[PDB]
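J.: All chains, please: the whole structure from these sequences, using the hints.
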Amino acid sequence: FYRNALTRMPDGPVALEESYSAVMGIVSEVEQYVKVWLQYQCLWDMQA
Amino acid sequence: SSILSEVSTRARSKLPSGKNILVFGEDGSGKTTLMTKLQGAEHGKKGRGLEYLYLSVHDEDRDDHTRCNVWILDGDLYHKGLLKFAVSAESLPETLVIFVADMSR
Amino acid sequence: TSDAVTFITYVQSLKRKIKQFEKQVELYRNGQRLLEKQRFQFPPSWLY
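Chains as they are written, first to last, in PDB author numbering: chain B, 1018 to 1065; chain F, 37 to 141; chain A, 1163 to 1210.
Some clues are possibly wrong.
Claimed, not checked - Computed cross-link-like contacts, PhoX-like style, restricted to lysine-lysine with a CA-CA straight-line distance of at most 20 Å: (1) F:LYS50 x B:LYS1052; (2) F:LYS50 x A:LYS1181; (3) F:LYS116 x F:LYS82; (4) B:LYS1052 x F:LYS55; (5) F:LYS55 x F:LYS120.
To be clear, the hints were calculated from the coordinates, so they are not data collected in a lab.
T.: In structure tokens, the structure reads:
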């Protein structure tokens, strides 16, 4: 079964890469949104 | 102000996270088979382009589980640009490179 | 020779406590690792 269309790309790997790019964007923002929010856990680590 | 912030600032310690592993193997050199065997799955998915898996690592001493990043790269030089996608300057000092070499050929 | 035998009987007394301190070390390895997985803020004064 045909697995070569990526090299048969009319526009070169760019259309693939930009796709991956969206990925690395989304998740990155996601972890950012997580990070500061996750920071709140520090409250437990510091006893009264 | 702050105070709450500054006492929060004194976080005690940390566990390693965010490591990364790269690879090459010729197309269908069982590289996907090996990588999927490392975390125990019998097989993943054989596809085209850069693939992505796990390494769940557990330490009983720290009682910690962590996910180590795995970027298995397919063959062919046509995807070389994805390596520009698959490494950053900050990612470089945390990257372990495995290779694949099957003795079939 | 009195000094030497004093040192010798002192270390012989130490010989007994050797094993007790060894098991103390083991149980504190236990307790410390537990406290780590109990995630307590080990003080700045905490001796590692």
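J.: Each hint: holds or not?
T.: Hint-by-hint comparison with the structure:
no., hint, result
1, F:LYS50 x B:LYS1052, "holds (15 Å)"
2, F:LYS50 x A:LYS1181, "violated (34 Å)"
3, F:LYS116 x F:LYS82, "holds (18 Å)"
4, B:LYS1052 x F:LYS55, "holds (17 Å)"
5, F:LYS55 x F:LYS120, "holds (17 Å)"
In this structure, the one hint that does not hold is number 2.
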